[PDB]
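**Student:** In case you want the letters, here they are:
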Amino acid sequence: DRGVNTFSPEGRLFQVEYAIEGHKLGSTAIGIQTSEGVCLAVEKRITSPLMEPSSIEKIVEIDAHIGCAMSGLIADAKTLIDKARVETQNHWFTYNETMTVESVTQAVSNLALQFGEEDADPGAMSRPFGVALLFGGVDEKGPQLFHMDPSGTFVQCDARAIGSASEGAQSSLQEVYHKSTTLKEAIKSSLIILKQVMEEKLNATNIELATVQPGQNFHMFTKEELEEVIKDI
Amino acid sequence: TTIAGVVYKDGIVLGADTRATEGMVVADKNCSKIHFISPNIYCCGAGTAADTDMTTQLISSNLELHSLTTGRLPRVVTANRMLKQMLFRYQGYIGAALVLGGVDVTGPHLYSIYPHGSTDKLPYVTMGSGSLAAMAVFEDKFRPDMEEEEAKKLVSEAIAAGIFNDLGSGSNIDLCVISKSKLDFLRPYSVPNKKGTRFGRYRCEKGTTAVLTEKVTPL
Amino acid sequence: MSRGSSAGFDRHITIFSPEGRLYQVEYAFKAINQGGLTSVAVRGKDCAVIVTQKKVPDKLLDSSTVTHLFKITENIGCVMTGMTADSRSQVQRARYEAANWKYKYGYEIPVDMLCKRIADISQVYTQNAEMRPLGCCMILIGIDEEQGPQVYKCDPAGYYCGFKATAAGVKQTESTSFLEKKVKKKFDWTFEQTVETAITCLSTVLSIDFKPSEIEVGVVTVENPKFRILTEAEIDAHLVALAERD
Amino acid sequence: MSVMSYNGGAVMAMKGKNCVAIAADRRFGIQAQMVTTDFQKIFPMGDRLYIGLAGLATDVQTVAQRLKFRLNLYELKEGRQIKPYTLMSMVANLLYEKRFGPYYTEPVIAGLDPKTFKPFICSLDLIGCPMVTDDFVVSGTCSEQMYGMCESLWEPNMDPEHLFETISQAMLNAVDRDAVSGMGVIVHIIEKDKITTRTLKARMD
Amino acid sequence: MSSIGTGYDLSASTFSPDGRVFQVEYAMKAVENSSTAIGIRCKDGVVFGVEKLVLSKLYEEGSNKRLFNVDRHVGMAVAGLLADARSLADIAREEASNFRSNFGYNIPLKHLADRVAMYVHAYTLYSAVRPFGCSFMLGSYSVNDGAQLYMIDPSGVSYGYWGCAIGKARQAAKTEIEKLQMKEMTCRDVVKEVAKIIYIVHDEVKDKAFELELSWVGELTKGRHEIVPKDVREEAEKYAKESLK
Amino acid sequence: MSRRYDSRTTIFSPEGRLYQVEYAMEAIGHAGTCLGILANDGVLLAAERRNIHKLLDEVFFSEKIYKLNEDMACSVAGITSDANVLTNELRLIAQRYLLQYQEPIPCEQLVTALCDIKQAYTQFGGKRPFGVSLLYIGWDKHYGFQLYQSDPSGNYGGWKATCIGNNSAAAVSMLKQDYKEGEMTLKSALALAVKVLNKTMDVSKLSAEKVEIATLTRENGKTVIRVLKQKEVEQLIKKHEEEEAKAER
Amino acid sequence: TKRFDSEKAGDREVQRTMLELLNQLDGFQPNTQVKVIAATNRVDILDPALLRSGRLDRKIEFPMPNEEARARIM
Amino acid sequence: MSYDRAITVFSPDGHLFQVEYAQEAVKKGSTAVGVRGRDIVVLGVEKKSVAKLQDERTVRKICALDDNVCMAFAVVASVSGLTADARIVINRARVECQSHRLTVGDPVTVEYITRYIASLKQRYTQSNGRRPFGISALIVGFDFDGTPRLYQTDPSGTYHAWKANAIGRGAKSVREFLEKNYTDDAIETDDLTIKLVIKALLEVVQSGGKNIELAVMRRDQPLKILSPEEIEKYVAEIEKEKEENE
Amino acid sequence: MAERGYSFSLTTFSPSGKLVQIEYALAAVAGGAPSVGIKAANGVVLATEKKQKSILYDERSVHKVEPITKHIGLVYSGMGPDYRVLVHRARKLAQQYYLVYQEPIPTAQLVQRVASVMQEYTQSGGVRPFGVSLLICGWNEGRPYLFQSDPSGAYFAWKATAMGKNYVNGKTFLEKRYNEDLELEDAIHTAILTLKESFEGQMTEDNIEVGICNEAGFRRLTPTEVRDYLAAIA
Amino acid sequence: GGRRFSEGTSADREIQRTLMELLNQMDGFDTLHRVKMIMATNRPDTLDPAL
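Residue numbers (UniProt numbering), protein chains in the order written: chain A, 9 to 241; chain Y, 44 to 262; chain G, 1 to 246; chain F, 1 to 205; chain C, 1 to 245; chain X, 1 to 249; chain W, 296 to 369; chain E, 1 to 246; chain H, 1 to 234; chain L, 253 to 303.
Quick caveat, the hints were computed from the structure, so don't treat them as lab data.
Misleading hints may appear alongside valid ones.
Here chain G is said to cover these stretches of chain C; the calculated rule only asks that three of the stretch's residues, wherever they fall, bring their Cβ under 8 angstroms from a Cβ of chain G [what the hints assert, rightly or not]:
hint, stretch
1, 14-27
2, 42-48
3, 171-182
4, 195-205
Every residue gets a Cβ at the ideal spot worked out from N, C-alpha and C, and that includes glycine.
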């Protein structure tokens, strides 16, 4: 035997290869960036609506002008986001500017891969993350949406979908979304794709909506507003 | 304060000491051992502060225990001299300890003086404490650099008693510790005087003018 | 089979085995023969002498540089027998141990004590599975500060004991046998005689007879505590002396 | 067995000897500063249940370090079916205070106890972090050491019974409380047989 | 060796029936596969020569460093795989760097060779880290021994050499050194001669071109260790090509 | 290390209970019977001493029963090397709690603290659990009188009368019928204790050396821990044989 | 490959066949004039009896290539 | 101390091995049900196998981390999961629970404690030499506005708010059935909340009303652990009511 | 050290109820040279036979009987390499206890302390469980002590026990001749009989060593004395 | 030279028999009056334990 820390005969790491496929078991993240705000839609991933939507969290505020929606292996994601909150805030605290979406994204990408059963300790990884994040927020330059994946690639996005089928979630986007479009269509364009990428229904207890907009912090949608957007497909 | 001396004779130590440790002329301790048996060929005399002196000797004593057992050959005097100098200086020392370090190595007898700072030095007869001068005036003349061993026990008993009686740094009794080179000889009576209290007639409270108050078992 | 059988993981790392010792430990003894060196150790009463073969595998070597005799302290000298890779490494470890005593004690370490600190060291390697035991053994000579000239040897597995005469090599059992008859018949020991016993015994078993640049003799005499290299001229002197004995 | 300061509202130990029993007398005093509210709480402790060791000054670390020492005494007491020697425990305490390095907080230990299974009389005091203190005479100790020392010489009855030492001691404690703030605050007198401990608690403020 | 499916050649805290680890031997092949480093001991200094293969025509000298300056009087010339060479370089630099600064004199080599070889060997012992598959030499000019050259193998064995070559044609290079007297010859002449052996090793039907790095620590530089001055460097190569033919 | 020498010594099973722990239970079985029975005024431990041979200096009080503290005691059934590491630490924690707190140590508190160390070995470290199951007898001022068991994993359960060693299954079954949760005085409790050793031990004549009963009773306002004497154990055995003959025919 | 202590299987037809080469190979039975061209990627699995100089006298290396060697093939 | 090679590694199966073994180990287990009241928030477990020779004290699955926060763990499996494993997650959350309780001036936010719980079981999955626990926990408490919560974690740390959630015996099976049981008129008084916990537990319990262990917790008063004899009285009332329904 | 290292245990239990490596270790102690230790109850005598088989050992130092400190001594069984660490270890412990008590380490206490370190060595990785059995003697506090420490970590207090070559025979003779609380003369005599039970390690005086602990401390006996005790047994 | 076998193949089956015969002629009941036998071995560690 040999590791997962070894190279395959392809000349690529074994552990990173496995991580992307792992994402596909779980939740979706759809972020559409328009010049009127950045919207995040994510699935609560329910078994019944009799599961309280009082404090299911999967879209969480990283900063109060940057929000983050997560996709992939949901468990691994919970610790990555909690951690992400302190580091962004150390940056917010020192610079005393409104954080840029691109700075939060770069910072979290080096933590993805530090894996190895040598040259690592308990605070360091012994496995790569298989969490792909969508950080969406408004900065000084304006609304930006960044995609982060386990290989650390950060890219600028106007619409990025990753989900249960990463491929699936994206193919629908091309079809619905178009470059310059209103906020209200942007929210809707997410509800039509959301279904496609889920194998599960449209329920108000099964989707979660959040908008970060100019002059306006990260907002969490309530049951009434969750319904307004469900109506918009 | 304290009274410690050594003399250089046929075997490693003839040690003289008072038992008492006094702070100026008040007794803190009526009897103690100021010249110590920890091993039986390494002996150490003490003076000055009690605390500083005990730790410096004990640390050497532990290192000596290892050499002694492995070789099955005698303890090494030099090792003891170097060890107290580096180790107590590092600590920076609470006050001063004049210590008399002594062991027979492989060669002749070596007696050393660790002064009030912290040092490794070579003489051959040491006296230590505030009474270093006082203990020395007898020792330096009666000893003429090796004398009869047995004669040295009479002479030393005489010197030691002189330190006790003329100099107020020594209550109760005087202790002599003799090693030829593995001997442990202790007689704590190098001065003639009564050891504790005397009660020929026994009254220390008038005949039951007070009575016994309660008896309990604390299991 | 045996000497290559799993029973735990004891043919891989140190843990006991069906053989009533340790397999990994036994390869470390077997390892001595591979190096190709054989040594004879004699303890005199004016010196303590070790003669070992000095491995010369080029003709582009300077004599001084290429040796197996090492100065551990200005009281102790040694020869390394076994695998040369392991030899350099053990000697550097010993040196720190000799030095560590050297400051504290204020005097030259006894030959017995030097062997005790290193022997224990070779045991850590042996106890550990983190590293394999040494493929070499260090055989010490020195003037003990009252007992006299002393010869101690620590094993590649690290146990040490005192010796009148010792041998380790390619042929450990046979050299030792040749050596007891030389002790039994007692010519006595001066500087020259004891060196002479030592070399001949190394020559007779292997059946070579040497050049002075392919044996090395190292002594610690009571001329001075410092360890010396005798060099080829004096080593040649001893070789010629061996003739028309006893 | 270093205790914070000495202010414990009372500091005094006296130990006095007979050939038929040996006695350790102690303030049972507790409560730091001049104000007390209490007059009870352990201070002398049985450690083999027939030997005592007394640790003296402020309550907290006095009780705390005694107990932590008790565990090392115990280890040695436990394993063998005969209990530890007084002479070996005497250096053990000396070292325990010494572990707390240069410019240490001052305790004053008093050990009173007959030796275990080699029968001779033993009294000793430690103070500071000092040289070995084996005596066979008498020992009095505390910060008002001179005041205790007087009394420890005062009670020895070499030939009377155990009982006469107690009644002499009751007066000895009282006269000492009028002389210093170290004696008093209730007094516990311990007459120690070798096979058990007898605790008597004396009448006296 | 063996090609057992569990350990011995797959670990290196495991000795063979004979007492050897197969893992160091596989590493020993690696010095043989690439170009040579020659180094000969003089008595006024040491002269080193490593041929650096021009693999790409868009390189400049200082690329794929086979020649390191260990201190300001200690050299290191390596042969074999360059990654294990770098590690060995780093340790050597720190060991040499503390000794000049602190003591104030030049390092006697024989101890240094033993320490570095201890480092190589300590790693061999372990199964958690690898044997080093480089062979390397250390060279120094000292005021306690004069010039010294020691060669340490991928096994952690140290021997002193009057004149060494480690590389892809040891047998041809050592022999040329044997014929010549360079053992106690003056460093200046040696520069030309070390280069000339490199010329024999090199083929114009196995190599295109090489870039000569020689290093001085000798009488020109007044015992200072510098990589060969451009004028001298060229002069020595110029001789190497001209004299064969 | 090496990953071919690793099939994971420490791992989770899908059956939820570690392989090495079930394997350790069989080892516990092998060592002799150690039991604890509750009294309504004490608690006692009864155990068979590892030694049974003529030769024994008798430096320990009993090899199995360790007197840990002045309100706590434990016995070990299983690996004796493994016993020495747990019993020495145990000695220190139980003692610190009675001494300082002036409040007698609960068994429930004690076990949770020790089990953390045992457990660490089973989940991570590449290690293995302890070979012993230890029976704690004590009194605390909280619940009252108690008996606790700990296992290799660091799993606990609090009984009031339990037996471990060989014929454990049979023993606990006998114990259920005669004792529930408190009905036996200190003397009946002790009689019950001798009875369980009797069936389970091969020798049914026993001896004071063969078995050791140590009692913990609070008498005269202080909690007393005592190892009973060879005479006292022998008197209990002599009383028990008469009663044995009559009980089972 | 000889190294057997095999009592469990291990054939020992294969044992005979390696041993037989040596037999033919010693001088007693001629082999001076006939050359054997021996080839192996792994000599990391063989024993010294079969290999080793003066039983198969010349030992020819082929190290990894370099640019010029690549140049002529291309 | 920790294992040099990792227990948990990303391998191809979609998750991880230890998560995968861990989901199996709470599936094959017994029922632990938690229903969210409007009085008291009550948790109960199916099995402890009580039979009157033993008494529960800390033996309980339900352990209070805090004055108003408690969690009930179902490590419990084919052959029984480990009380040893649960206790670590318990120790670490309880100290954190009390530190938050100190900081907030009204009853401790459950939310913090559950998020925390989820990260504790995940950090072991990324930590060298470690693996995640095979428990599922019902984190219960009241907020800083007094809002009752019943939350659940699985073995790798994922969290949801729930009205009522049931785990073990197939987690999906039992939790869909607890929705049916659950009424909002059956949580209006303290005995009715407790009756809903117990009805799910009765389904396949061996020797019920003794094995059934459930504890009640009040608004900021400590946990009240109910003995099985006292619990039995409620169990009789429902077990007859349930018979009547069929 | 300069590596990653090990930490995994080399011992895993069995559904037998045994630890595998300690059973292999037990075989190695039996393969040793006879070492007996008896507490008489008027002193403790540890006697051993040492296979040198050439008497080219100039030992006036290290032996199979080595004093740990001045009233503790140690005798082993099995192999020498494992002994070397344990003898050094014991001396260190002797030193730790010497500082605080200043009466060198007591026997009941020593064993617990060695036992704890021995257990780790099994329990942990990068170390392995011994295969030496130590017999520890001491006279301190006016009582003689004899303990046997097994290669697992276990400690038992014995009156008389045997190890080394043909221990089964030794322990059985020991029960018959020796009974509890017999004299110092009996303890010594049976002790030398067990060595004689089966010798075969060159019959010269320097091939047996005895070291005796009594009221005045511990000293090892000169080889010439040892031979006189042997001479009686035929 | 064979081993003790009896888990063997046909090849091993034959080898133990040759092994057996050699013992009986060489040092057994039968003896060798002036025939001396010379064995050459690279490593002897394949041969039967009796041999």
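**Student:** Now tell me if each hint is right for this structure.
**Tutor:** Taking the hints in turn, this is what the structure says about them:
1. 14-27: Coverage by chain G holds for the stretch 14-27 of chain C (9 residues, Cβ < 8 angstroms).
2. 42-48: violated (count 0)
3. 171-182: As far as the stretch 171-182 of chain C goes, the hint holds, because 3 residues have Cβ atoms under 8 angstroms from chain G.
4. 195-205: violated (count 0)
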